[PDB]
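The chain below stands alone and is given in structure tokens; this is the form deposited in one PDB entry.
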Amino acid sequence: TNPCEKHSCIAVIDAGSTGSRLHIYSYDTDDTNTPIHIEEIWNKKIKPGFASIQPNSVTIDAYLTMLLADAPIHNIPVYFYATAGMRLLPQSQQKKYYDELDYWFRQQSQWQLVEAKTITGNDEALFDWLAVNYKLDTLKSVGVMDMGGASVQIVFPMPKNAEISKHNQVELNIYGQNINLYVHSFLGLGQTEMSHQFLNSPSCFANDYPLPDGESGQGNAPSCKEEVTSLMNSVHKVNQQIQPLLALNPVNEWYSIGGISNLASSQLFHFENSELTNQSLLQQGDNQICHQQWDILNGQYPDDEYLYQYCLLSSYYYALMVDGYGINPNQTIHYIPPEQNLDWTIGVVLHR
């Protein structure tokens, strides 16, 4: 039975840097017409990222058709929201994608496209916080981090302030509560973009890993983390931007979504209760990957295509959270299990 016959349904597409995810949600609304009882009734992922394909009609039509063809239900509103992958492209180039995508939607009737656009990382951060808090049942101090492929977001409660950019603040009324959040997104600090600066760094790879430029890995996670910290703080000034704010607005519980949940759940790392600490993350990466002999390690774990980057990723998450955001290395960080497929798209259901 189609839930959309009897309940509001929308489709939200998270067009992320590494792939697009369609979610169809059914929901009801309460007496202020705010969604409740939100349920995902369909999901479909496809790779690669929308911003990575050629922006011509044949390629874009094929991608959208592949994304939507097996949806059991249709004739519902669609929000197509691209994130940091598309943010990396100039307007002129993004325009080619949206002109072809708009045309494809206009030329068909199975989906009612509401909006297709690149959202800002600040909007993305708001959606991240709403989606995680919706799932946690908190909406009736929680910080959220989304560790993406091309950007990362951080978002936490902070009273409305005149000294910070209006761009970095959002005020929300949800289930009759007033909420003010600081939002920030760091474009270029997502895992794929960041990693392109460190691929010839021997400290960031297992011993004897073959670096692209012919040297050998000689892994050491505290050294690799220091290198990544220079990108975080000397280049993007993460610490200068975030730490004074977290100082004055401490966060009681941290939740993370994005690639860190895949790292933490992989067979190389050992965490309980879907949570980690930065100290443990760094140590595990240092001892289980950085200090291992690559050939031997690669032979032991042949079915993890991310294995080669784990010394770097563990060092990078520590640099970002501890040296960037100022989070205590012993503070618990909850991550949402990957099986949940949780991205920010719930936040779009809610806001609107």
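For the two forms, the rigid core is made up of the largest set of C-alpha atoms that agree within 1.5 Å on superposition. Positions refer to the first chain, counted from 1. What changes on going to the form deposited in another entry:
- Structural comment: of the residues 183, 219, 147, 118, the hinge joining the rigid parts that turn between the two forms is found at 118.
- A rotation of 11° separates the smaller rigid part from the larger between the two forms once C-alpha atoms are superposed.
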The other form holds:
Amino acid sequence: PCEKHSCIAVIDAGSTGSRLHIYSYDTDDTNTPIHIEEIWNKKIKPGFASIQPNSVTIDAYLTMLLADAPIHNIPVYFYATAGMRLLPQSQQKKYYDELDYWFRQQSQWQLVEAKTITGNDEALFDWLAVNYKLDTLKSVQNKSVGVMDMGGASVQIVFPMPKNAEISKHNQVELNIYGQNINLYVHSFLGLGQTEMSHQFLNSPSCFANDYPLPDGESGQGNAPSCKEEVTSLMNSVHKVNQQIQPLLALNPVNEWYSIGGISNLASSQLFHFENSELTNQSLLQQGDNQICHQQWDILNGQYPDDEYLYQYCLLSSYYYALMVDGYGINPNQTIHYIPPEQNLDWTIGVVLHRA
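For comparison with the form deposited in one PDB entry, kindly provide the form deposited in another entry.
Coming up is the bare chain, nothing alongside it.
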């Protein structure tokens, strides 16, 4: 396919492992990629930021990730995300010095850039990947599309907003796609992703099903409004999510919301009932509260012994609600679309659109 079309590789170096995507694409007369197709996809574990940063360890890791690919001589972007953002810069630099050397030693891959992207650039790529899949990029807008990424270490939110000199430059992006200028607000809250935030609530009985054993030896005694309130303290008293986001959304309303990341896995599970790949915050909290928070744990576990996230769904349903409703200000009745997990939508498509 790379003889008939252009090709580009994007490595998503995320917190649990690194995923190489190779895409073929064509370019239309606005200089924008079209017909983007993933032609190779390889994941390896563990996360890059968890491995020893010396040449032997990096060489083994990059060789396992890359050496099997069926194409010589294509541009590659190596983009690490929140996993790496959590490491000191001095530690990060040891990985990049070794990685820069490794790429210089070979010619199959033409490294364009290797860096830890900001959460705001990740949010940009999220918005582009979603809108590409929905086919909303090509014609002149008319409805505002917002995207939320519920990631493992950081969460992103991104939505159209005219340029504003009162708002930091880091929270705004300007781009032109399919011939149209776009202005977006982007924000990422590092620490607020579902794995990192969970580490603050593991001994909260409000956040777990009844009788679930907490690490400190106490028992869950779930209640989603209570758990939601505890999560909302982290969101608003610490991260100031409400103060930062709600006034901007009031002034630049979003007509349609799409979410990606873990909410898609919860909402697609056997325990929750959602159709048309959408949910409302009201339904999500009511179903978490009734089905997990106030449910006897051993009984529930006996019934769904294979979903290893089951025991976490009182906390996650409470947290998604606390983030969207108490943090972002979204009405509990507002439809939120989620991208099905079995659709393999990936933010790296955004990198192809913006950088290829």
